[PDB]
Amino acid sequence: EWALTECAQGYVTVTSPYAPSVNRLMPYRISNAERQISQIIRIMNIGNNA
Amino acid sequence: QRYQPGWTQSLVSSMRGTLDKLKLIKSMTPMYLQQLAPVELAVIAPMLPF
Amino acid sequence: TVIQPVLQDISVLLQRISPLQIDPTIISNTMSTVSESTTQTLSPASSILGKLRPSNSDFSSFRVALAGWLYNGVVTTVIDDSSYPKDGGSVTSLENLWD
Amino acid sequence: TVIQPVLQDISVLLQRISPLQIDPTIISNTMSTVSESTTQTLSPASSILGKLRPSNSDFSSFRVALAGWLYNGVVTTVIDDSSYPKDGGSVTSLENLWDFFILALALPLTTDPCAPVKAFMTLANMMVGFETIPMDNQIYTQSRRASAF
Amino acid sequence: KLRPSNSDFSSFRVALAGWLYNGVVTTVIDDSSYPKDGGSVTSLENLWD
Amino acid sequence: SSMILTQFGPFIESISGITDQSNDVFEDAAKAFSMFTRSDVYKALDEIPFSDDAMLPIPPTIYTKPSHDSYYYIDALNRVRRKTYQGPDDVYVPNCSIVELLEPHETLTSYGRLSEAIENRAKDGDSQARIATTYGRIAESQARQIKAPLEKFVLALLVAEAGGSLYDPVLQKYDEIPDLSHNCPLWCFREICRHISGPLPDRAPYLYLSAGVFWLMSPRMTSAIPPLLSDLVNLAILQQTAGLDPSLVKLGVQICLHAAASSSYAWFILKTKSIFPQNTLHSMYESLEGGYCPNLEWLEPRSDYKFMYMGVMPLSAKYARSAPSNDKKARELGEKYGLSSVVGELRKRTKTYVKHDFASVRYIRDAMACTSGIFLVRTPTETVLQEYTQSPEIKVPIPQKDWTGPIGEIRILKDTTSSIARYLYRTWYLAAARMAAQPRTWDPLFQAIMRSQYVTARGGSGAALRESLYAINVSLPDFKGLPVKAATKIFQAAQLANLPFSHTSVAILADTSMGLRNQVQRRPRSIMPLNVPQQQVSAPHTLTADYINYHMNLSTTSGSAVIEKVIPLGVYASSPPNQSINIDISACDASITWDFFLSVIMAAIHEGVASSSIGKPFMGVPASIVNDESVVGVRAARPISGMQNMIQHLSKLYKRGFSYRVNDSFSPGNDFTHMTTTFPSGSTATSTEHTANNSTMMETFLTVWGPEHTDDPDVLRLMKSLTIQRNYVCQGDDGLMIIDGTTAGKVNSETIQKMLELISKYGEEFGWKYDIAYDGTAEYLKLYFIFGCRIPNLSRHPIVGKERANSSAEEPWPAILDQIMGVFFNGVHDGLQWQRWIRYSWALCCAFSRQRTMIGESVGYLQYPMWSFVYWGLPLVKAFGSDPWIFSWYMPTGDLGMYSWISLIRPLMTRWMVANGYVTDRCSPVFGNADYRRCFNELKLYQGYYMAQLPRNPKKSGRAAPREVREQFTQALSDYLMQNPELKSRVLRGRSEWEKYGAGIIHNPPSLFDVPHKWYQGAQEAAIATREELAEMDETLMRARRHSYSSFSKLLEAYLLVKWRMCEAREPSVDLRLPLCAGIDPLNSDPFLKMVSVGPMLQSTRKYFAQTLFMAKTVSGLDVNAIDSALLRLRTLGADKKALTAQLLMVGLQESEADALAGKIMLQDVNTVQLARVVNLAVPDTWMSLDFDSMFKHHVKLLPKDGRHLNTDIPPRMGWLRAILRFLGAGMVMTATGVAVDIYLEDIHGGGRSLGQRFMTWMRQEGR
Amino acid sequence: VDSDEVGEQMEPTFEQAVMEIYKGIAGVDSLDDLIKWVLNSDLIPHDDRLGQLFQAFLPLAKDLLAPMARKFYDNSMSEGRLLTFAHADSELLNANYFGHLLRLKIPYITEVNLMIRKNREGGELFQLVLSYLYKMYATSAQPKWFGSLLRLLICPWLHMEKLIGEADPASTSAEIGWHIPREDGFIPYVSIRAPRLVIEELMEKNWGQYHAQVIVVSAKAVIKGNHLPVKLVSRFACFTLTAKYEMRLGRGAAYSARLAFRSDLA
Amino acid sequence: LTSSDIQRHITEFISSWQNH
RNA sequence: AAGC
RNA sequence: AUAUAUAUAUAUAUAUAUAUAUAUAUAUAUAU
RNA sequence: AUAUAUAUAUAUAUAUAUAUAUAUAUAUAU
RNA sequence: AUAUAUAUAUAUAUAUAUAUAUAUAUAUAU
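Protein chains in written order, with the entry's author numbering: chain A, 480 to 529; chain B, 779 to 828; chain C, 530 to 628; chain D, 530 to 678; chain E, 580 to 628; chain F, 2 to 1265; chain G, 443 to 624, 636 to 669, 681 to 713, 720 to 736; chain H, 211 to 230.
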């Protein structure tokens, strides 16, 4: 919810529950290096073709 | 009217009159809530199955 | 499902034990308007009547709210989000003020 | 709705008693004498006569305006929104000039206390960009509709 | 002179979008928008161009 | 085919682009057409060698049909009725054998009519005779619904298609439309006709004449044959003209055959009319691959309907079809009538299209074109007993404890009511209050216009008015000896000229006569023609509805012509990610009664008018006094205004009901009076009231009821995001809802589905049946849009069908030419293949260009030269040695098109003329040394041009009438019109001023004093013509033809002095690969090129032309265009402003604004379109769907490209020439085939001043 | 003709269908259960449950009663002028009833009139619910007092008796009826009583202007064109509001008819 | 025979257009 | 009879 | 028109996976 | 795998037959 | 008006035959 609220510059508000949980597994966080490598790959394959 | 631009007509008098009418209504609900409703709840409560 | 019948029944019992009668004609007479402002559409007196809709004759919410005081520990009464101003609203909108 | 028919009644009585009546042709007669070249794309007389359109039934609204003077305690006669230029106008437009002229002559007869401010702001709106003045804050800037004040 | 060819009206949004990818895409104005022979200030058409 | 080519070698070669056209060949072909016989046409049909693929089984069931006895019975009211076997709707003509009711016709023993002896027992009162005669007359009526005998159309098709394939001048190739050998409908037609005729030497199954129809005596003849033949010939024409896929045409033929083999052809067609739409249009693009979708924007204010085009957006699988699947419904419908196969192939073919291109829309259009196009016919008695016998079902009514005491007839509605009627009441209250406050309401001229609005030359049930007035001992003037119809509302007004309203008060409660109209793919519609006092008292309703529609909602006023509608609305709504909801009200007129609506609207209008209108008369209706009982206990009296008096009387009428009078001409002994509560359809307040209530109820749902009846948060958010001022457009019972696509794509279909269920539920509790369609398609006013492409519906323009509801005989000969030209223009708008369509239109024009006449042993032939059709707007093919197919049907009509094509081919024309010996010595500015004055005379070009302008209807004017009675009629009409003395004084002042100043400049000043004369002439022209008027026609046309001429009209001679210069082509307006109109594609080159060069008209025409006039509305009888033309003529000819003041005073404008407007007009500059009307220059009707305005502005350059020339100088005070010459440039550019081309003025022969003098001379001399 | 007369035209009358409505409501297993459900122990509808009662009942009425009522009224007009009673005007409106329509009210409590009336079929409470359903079914129109009808029905005759009570009835009597030539065929339409001068004035009127089709003692006819205006009778000469068609002393015929002033010689 | 298609009819004309 |  | 080089288009041929719906078995509620 | 012919099963349509329910006409009895 | 019999009409169900469409099977040609 923090990430989504910040990404929308506060114009939309999302809410999360506040209670004991069930340990759901939602793998979505990666280091910046992997993102940069994938970005380089994308720029590579797109390269020089309108 | 510092917070209502775009109102081409001066609605100050109308809004003030309506608010005043709402202010001084003969609503006896607050009387009932302040005096009788607690008595009714107290009478009913011991008899409940829950 | 377990809670619902209890609150509904207590609401009915309070409704038809109390001497209080809910009568919107008080509001209608106090405002004493049909449709002011012959030509220009903005008329706050008509707007507030439209928002209130006094003609409706259902008041289960009031009795249920009263009954909720006895069961604070298991049921929490809150105002439905649909009653809040649209998109947060603004002070410039006449309807948002009545909301 | 409760007070407006009273004003119409007073207007009818005034029209019944007053010796003043509309001159049918005075504006057209006096405007038909201005000199101009036929090669011009624009004609001031055309524009002014088009905006005026003296439908002879205007003295009813004149009379109700007069009657409003007796009841400023409860009724505040104001100029309708539609009379102002739509987007705010511009001094370079002949049509906007005539609209400003109409408003300038019409305003001083209303019972609205805030009339002079609107008379000033009417020109201020048309004059934006061409010529600037300091305003109070960021909300009621120089480009607000004059009727908002 | 203000009616665009095919009335596309879409180069504006594309130009705004291009600001995010100036690393790989360089938005330029096409040749066809320039005067054919370079123009002349004596010609009003060229002034508008 | 050998005789076909033998007879029409030269004609076919001319109209196929091989040889030059000429008048003599045209007339020879016309004579040949006139010299055939029916059986000869069928023998010609026998010679086509049909191929195997055009073969299909024909069930034997069609020929063998039972008798008609079991399908009819007699009710307890001694009225003939239809026995129903298939359900409540099986009230149409059954399929029964007929031959056993035919008396052989003299000299035509093979044919006969209904037995006259059976007619005798019918008029006596026999039951079986009545049944038989009803069946016979209704079968005759069903067979009479065509324009002309089918053999004419069939022979014309044969002649046209005998020329083979056409060469495309743009594509530089040959089209590949299969020849007649693959035309299945013709093979079926020939086979069925041969099987019916059998051994008997005559081939026509029946004979269509003006007096009726004669049936062939065969034991296999069935009443269902004529409609089947009409459908087959329509399909055969369409396949050859529009290049339809033969596979789909076979399915259409199968449907027609199944309809014939059923118990009732019309009922079957009605029940199965939706197979093609439900299987192609409503189930399209299930899996989407790609294509283009136009990017349109809706600007502000949306009330202005201002849309601007952006461009194309590539499509994707994200925007595949998402509406609920209709497979189960389609399969069930196909099974219930034994057409499951046809549904199977339709669905299988539909699934094959994955891309949105020209191909898919062409396929959809072809599929939709295969629906039958007959006019459904049924006896009036069943129509009345089926349409007026249903009533609204107010499932949740207004509580009775929510009303006040009565005020005369009305009853005020309280404000504490829990019903939704409160919002309706409030809306009508504010509408009435705003209406009554307008000063223009009290202007005498406005009231006069409203009074004159319903004074027309159409019927008004005057007879019932007459006995209603006699019921209280009041005698009306008879106007004995007047050669006019007494059954007109003009006659009613004349008889009601000088009566007090109190005397005519009872007339509103009179009866109502009958009136019917037949439609295509729709049940016949009934009409209640209200009389004059009813129309008078219905005014405030109409005014309030007009105010609502004009201000408080989004509502159009366009007609059923395709050009004037809002195409931008539909194209925007259909384009993704926007989604459209189609909402219609079933039996809308029957759903508005006193129970819920009328009791509220009448009260609201009556209350919302008292203030702004106290103590004033209106429309002739005076004030009055009524009882008051609103407050409890106190019962008093109360004055009311004229509008309130009308409201009281109209409330009385509404509470009582309606008294319909029926006289079934097809059923002896079937006449009665029917009490009904259905709202009238013939009144002036129908459409506006229906639209107003539509908008009000939709807004009420979106605002109060709907939010309070659904709990799903998605539905709540959606509904709160919708408002009528932004999303809903309504007109009558037809409405459209637009769902704007969100930023995340398009709104979820499930939410839309639940909302639709909510509207469906919401419609019931006040008795409205909401017919709702949600299938990813947009429909409005029977215009169909898919993905931003509009799909023309060919089936609703039957080529041969014509609506005939009465038993009257058909029209004289020359009238049919108007219908033929209308068919040509309908094909033009529908987007058929242009070359084939032009060839076929030429064939028809030839086939109908000759007529025998008898002048008392002076047996002559009336013949129209080919040039008259060209003057009427039909383009040429090839002439004067020019290249073929160089003209486009965007050619204007009248003088403009003539000038255009002469300007295009002047040099070739001159060389051709010289080479043929037409040589003279007097050099001509237009034709050099060509002897045109004689070549045009011998080529009949002058003759055709001049006779194309004669009125081809009989002029009933000039009939003998006593002076006294005629002057009484005129004075009565004038007295009725001129009620308020102020208007009369205004008109007198205008006449005096005009005599002082404007007299002598123009000869025909429009005035209110001329309205009675025009009304009298219109009433007289409404009567049935007689034989000597037809002889007058014939002798006039012969006189015109035999004469010799020397020039065209002055205007055309002036036009030919102007020459232009073509230049480089324009710039494309839209992308070349974006489908806009189905069929307008590269295989349809010329329309495609014109559309992409000019661009579609992206703004509605009604609002555009609303600003091209000075007076919005005038008195019925006068033309606004006439007044504008007179004013501009006066200004141009140098008359001073007092003349214009006088002219404005004649039409009744008050003096002050008269002067103001006169001065403003004198000094003002006007638009090109408005200014061009001084010379009767109107925009061609075919250009309406194109962006002609920008092409006027920035593509017709009045300055020569190389720089200023000596002759191209416009005198400073003759600036209107700038307006005229733009039209000439437009005609020249549009007439030429191909792309639009930038055009520059070249030279004017006599100089600008001379042209101006000639134009002014014509302007002054006209009107004599 | 009674209001309920349309009811028993069907072998299962409208009333038992109304009784059986209960099966379409959830939570109700019998008509008695329906009664105790819809009423609040004070014989008052809950103003909401009666809502669904109307929801279920209205289709029954508008789909079954209306057509049979239409035929019934169509046949009833054939025998001549009749007085028709109904329970809600919408019945007559939806049946396309022909003739003058009157809504009349009463200075009594109608609802209490039911449950005291013993010997009811489905129970008195069912009759109360039925009455509420009809009242909700009615349109929005102010009903006049019932006296406005009886006054017209009675008072003119009672006044005229003070004048004609002594004269010879042969002279001061009249008769209006449909004439049919082949003693002579004549079926009465309107009965007229008035003084001698009035009848003599009536004798010279264009009674032949109106035509009808008579079929055949129990004869019956049907009018074509327009009905007879009231002022043709008089503001005098109090007449009969209703009539029944019958032939006074043989094949079935449908010849024709015009009405004649066959009143009397004296 | 030679009943090839309608889509190819559409495309062939366009191909004629594009050629220059 | 045959509307707006 | 003949020959050569380059390119577009139509036709024929071949594979996987997944999801949805229906049906059978078991149970709860109402009815028998 | 494609084309042509034939047979069986299912679906729709038509016809015939049987059964049940309803109505109309004729006759007898009351 | 009621009861009974015969003829006729409508609805549902079943069966047979014919035609069309789908599936399955056989033969010839490629």
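For the record, the hints were derived by calculation from the structure and aren't laboratory data.
We put the beta carbon where it would ideally sit given N, CA and C, even for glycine.
A couple of the hints might just be wrong.
Per label pair, the in silico range of CB-to-CB distance [unchecked claim]:
| no. | chain 1 | residue 1 | chain 2 | residue 2 | range |
| --- | --- | --- | --- | --- | --- |
| 1 | F | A806 | G | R732 | 39 to 45 Å |
| 2 | D | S590 | G | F588 | 23 to 29 Å |
| 3 | B | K804 | C | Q537 | 27 to 33 Å |
To give an idea of the chain B side of the interface with chain D (calculated C-beta under 8 Å), a few residues [said to hold, decoys possible]:
| no. | residue |
| --- | --- |
| 4 | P783 |
| 5 | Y810 |
| 6 | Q813 |
| 7 | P816 |
Here is how each hint holds up against the structure:
no.: 1; hint: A806(F) / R732(G): 39 to 45 Å; in the structure: holds (43 Å)
no.: 2; hint: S590(D) / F588(G): 23 to 29 Å; in the structure: violated (53 Å)
no.: 3; hint: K804(B) / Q537(C): 27 to 33 Å; in the structure: holds (31 Å)
no.: 4; hint: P783; in the structure: holds (6 Å)
no.: 5; hint: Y810; in the structure: violated (35 Å)
no.: 6; hint: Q813; in the structure: violated (39 Å)
no.: 7; hint: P816; in the structure: violated (44 Å)
Consistency with the previously given hints fails for numbers 2, 5, 6 and 7, ordered from lowest to highest.
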